[PDB]
Amino acid sequence: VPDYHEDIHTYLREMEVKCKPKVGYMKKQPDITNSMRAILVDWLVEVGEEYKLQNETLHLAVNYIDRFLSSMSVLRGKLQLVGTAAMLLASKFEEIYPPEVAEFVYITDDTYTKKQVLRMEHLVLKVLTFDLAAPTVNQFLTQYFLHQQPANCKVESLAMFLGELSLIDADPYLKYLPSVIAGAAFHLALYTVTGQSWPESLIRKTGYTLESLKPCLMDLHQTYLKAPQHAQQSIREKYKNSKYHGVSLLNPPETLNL
Amino acid sequence: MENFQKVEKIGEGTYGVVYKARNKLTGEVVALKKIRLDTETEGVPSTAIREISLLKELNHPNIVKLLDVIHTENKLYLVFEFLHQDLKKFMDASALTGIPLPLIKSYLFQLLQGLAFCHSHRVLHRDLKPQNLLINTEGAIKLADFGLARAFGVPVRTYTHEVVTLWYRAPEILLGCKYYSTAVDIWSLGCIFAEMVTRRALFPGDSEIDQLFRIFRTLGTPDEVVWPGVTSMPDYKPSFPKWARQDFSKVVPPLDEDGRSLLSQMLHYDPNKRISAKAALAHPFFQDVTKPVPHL
Ligand SMILES: Cc1nc(C)c(-c2ccnc(Nc3ccc(N(C)C)cc3)n2)s1
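Chains as they are written, first to last, in PDB author numbering: chain B, 175 to 432; chain A, 1 to 296.
Among the hints, erroneous ones may be present.
[Claimed, not checked] Result set (DSSO-like, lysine-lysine): computed pairs, CA atoms no more than 30 Å apart in a straight line:
no., chain 1, residue 1, chain 2, residue 2
1, A, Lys-65, B, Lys-194
2, A, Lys-178, B, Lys-328
3, A, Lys-75, B, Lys-289
4, A, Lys-178, B, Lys-417
5, A, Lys-75, B, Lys-414
6, B, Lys-300, A, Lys-6
7, A, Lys-34, B, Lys-288
8, B, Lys-300, A, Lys-237
9, A, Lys-273, B, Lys-289
10, B, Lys-192, A, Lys-6
11, B, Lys-300, A, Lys-9
12, A, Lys-178, B, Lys-379
13, A, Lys-65, B, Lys-300
14, A, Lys-278, B, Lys-379
15, A, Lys-178, B, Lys-412
16, A, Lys-34, B, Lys-289
17, B, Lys-300, A, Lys-56
18, A, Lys-75, B, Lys-288
19, A, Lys-89, B, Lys-192
20, A, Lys-65, B, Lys-252
21, A, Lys-56, B, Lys-379
22, B, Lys-194, A, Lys-56
23, A, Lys-89, A, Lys-65
24, B, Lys-226, A, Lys-6
25, A, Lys-75, B, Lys-192
26, A, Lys-273, B, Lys-379
27, B, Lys-417, A, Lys-237
28, B, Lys-349, B, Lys-388
29, A, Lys-34, B, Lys-300
30, A, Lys-237, B, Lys-192
31, A, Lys-56, B, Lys-349
If you are wondering where the hints come from, they were derived from the structure by calculation, not from laboratory data.
Working from the sequences, and respecting the hints, build out all of it.
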């Protein structure tokens, strides 16, 4: 209860820096690419949809993957097994009850055995040293959303749409902490829907002025402009649902007024 | 595991099995929790994944320390600091004479500090009950078993089929609310506070509806003035009987004025106005707190 709101925000900001993946890891991965990773994340989106997983689960899985990929070399042929274990772990951390391991085996179209998934779960836990309670974009946004005046569910959904987009491309997004991407997302969602701007309430809470946000914003704006053409479309398809007020239908602002 | 000698089994449950053990090299006595691990079928239980990730984040005198995790092909062991019994067993051994007021007060105070620490680090415990509150011979008490604990960076959704304990369950959960909040942990501690004072469980229900009615029989059937929104909660029914709130001087006769007032604020119906752990700690009830030692 808001007696902790501040302390918790402050503690998330501390933890996001400890749970950060290495920004340059993809180049050191001899056998995988930004593009294979994007294909994997888009598939996890779809897994989340098929099994009705919460959004947080998806963001946590991606965190676990990028951290895992920051110290272990993986062959392109084992990359889905990494993702499957990550999603299984995120599920267990975050859902009431996780889909059964066997369901996870099926959503890979049976390319790995039950035992392979379990052994990878163990290896992921060891490499992450059981540190599974990472801050995500979803969490910061949820904190930022309390400060809307007034609350507008179009903004909320569109901001969650953009945060999710950011997961697909390590390409720029591994450069930014989750609280910064949430800030960008919130601003660009607010602006898109209403023409308003990153509110002074959040400037004071986060300590981020619009300006400090601008590098991430220009990325996210390009990301949003280019979304309909992007190789991976699963986030768009998901955010067409009425659940989400169709926000991924909305027209992105051709300029930001920066 | 080569350097631990099991000494004796001290408990078994939903967790796993807990052994008292000694480190053959340093002489330290620890509690070893062996996680029930099915290697060919479901992997690492969610209880061990939550307890470990969260307990490794939490360093506080009133939260059980996790020392180490031993994780090998077939086995997962959590190594905890040893504490010498649970509050449930101490309440049982002390029924008749009752735990002394000053020791009750101390335990409450320490438990509130532990909780305030959990809550300020976005962790909800959700299963406070005397069997999960551990004591030592020097007057300490500590929160344990974080198997059902959740991180609440994003709101925690309730579980249609709650495995959570009946007796210490908050009204807002029994009436079907969508989300947990920190308020449920305060409600639990309130029940435990009362239990220590009276030497019996406050609300010992045998089913969910009986659990609710027992609460209503002591606190009064709540309505929109006491709890705005109640009437539109998923399992509220306009047919609930109407009971009067009871005089706390009768619910918890041994308590003084400050005690009744704190208790009444931990057991507020509306989770929005239920006292927080951090505010409880500033209550005047704690002015004269000491740190007595238990007769174990
Ligand atoms: C579930 C549990 N999860 C943990 C971490 C438990 C634990 C941890 C540390 N010490 C003890 N000590 C302890 C427990 C029980 C008893 N009894 C006498 C029942 C004595 C000491 N128990 S129990």
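Hint check results:
1. A/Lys-65 x B/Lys-194: Distance ~25 Å between A/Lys-65 and B/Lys-194 Cα, so the pair holds.
2. A/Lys-178 x B/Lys-328: holds, 22 Å
3. A/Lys-75 x B/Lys-289: holds, 15 Å
4. A/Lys-178 x B/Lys-417: Status holds; Cα separation ~17 Å.
5. A/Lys-75 x B/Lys-414: violated, 45 Å
6. B/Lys-300 x A/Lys-6: holds, 25 Å
7. A/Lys-34 x B/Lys-288: holds, 23 Å
8. B/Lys-300 x A/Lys-237: violated, 49 Å
9. A/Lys-273 x B/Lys-289: violated, 49 Å
10. B/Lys-192 x A/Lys-6: With a Cα-Cα distance of about 36 Å, the restraint between B/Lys-192 and A/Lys-6 is violated, given a limit of 30 Å.
11. B/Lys-300 x A/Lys-9: holds, 28 Å
12. A/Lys-178 x B/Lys-379: holds, 28 Å
13. A/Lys-65 x B/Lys-300: holds, 20 Å
14. A/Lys-278 x B/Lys-379: OK: A/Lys-278 and B/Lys-379 at ~21 Å, within 30 Å.
15. A/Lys-178 x B/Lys-412: Distance ~23 Å between A/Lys-178 and B/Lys-412 Cα, so the pair holds.
16. A/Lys-34 x B/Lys-289: Given that 30 Å is the threshold and the Cα spacing comes to 21 Å, the pair holds.
17. B/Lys-300 x A/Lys-56: The hint holds at about 14 Å.
18. A/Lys-75 x B/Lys-288: Answer holds: A/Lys-75 to B/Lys-288 is near 18 Å, not above 30 Å.
19. A/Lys-89 x B/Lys-192: violated, 40 Å
20. A/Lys-65 x B/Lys-252: Violated, at about 37 Å.
21. A/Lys-56 x B/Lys-379: Given pair A/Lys-56, B/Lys-379 holds - Cα atoms ~27 Å apart, limit 30 Å.
22. B/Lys-194 x A/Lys-56: At roughly 17 Å apart (the allowed maximum being 30 Å), A/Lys-56 and B/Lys-194 satisfy the hint.
23. A/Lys-89 x A/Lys-65: Within the cut-off at roughly 21 Å; holds.
24. B/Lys-226 x A/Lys-6: With Cα atoms ~44 Å apart, B/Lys-226 and A/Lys-6 exceed 30 Å; violated.
25. A/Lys-75 x B/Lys-192: Measuring from Cα to Cα gives roughly 28 Å; hence the hint holds.
26. A/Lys-273 x B/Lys-379: holds, 24 Å
27. B/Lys-417 x A/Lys-237: holds, 29 Å
28. B/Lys-349 x B/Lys-388: holds, 13 Å
29. A/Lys-34 x B/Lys-300: holds, 17 Å
30. A/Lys-237 x B/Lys-192: violated, 48 Å
31. A/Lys-56 x B/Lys-349: holds, 27 Å
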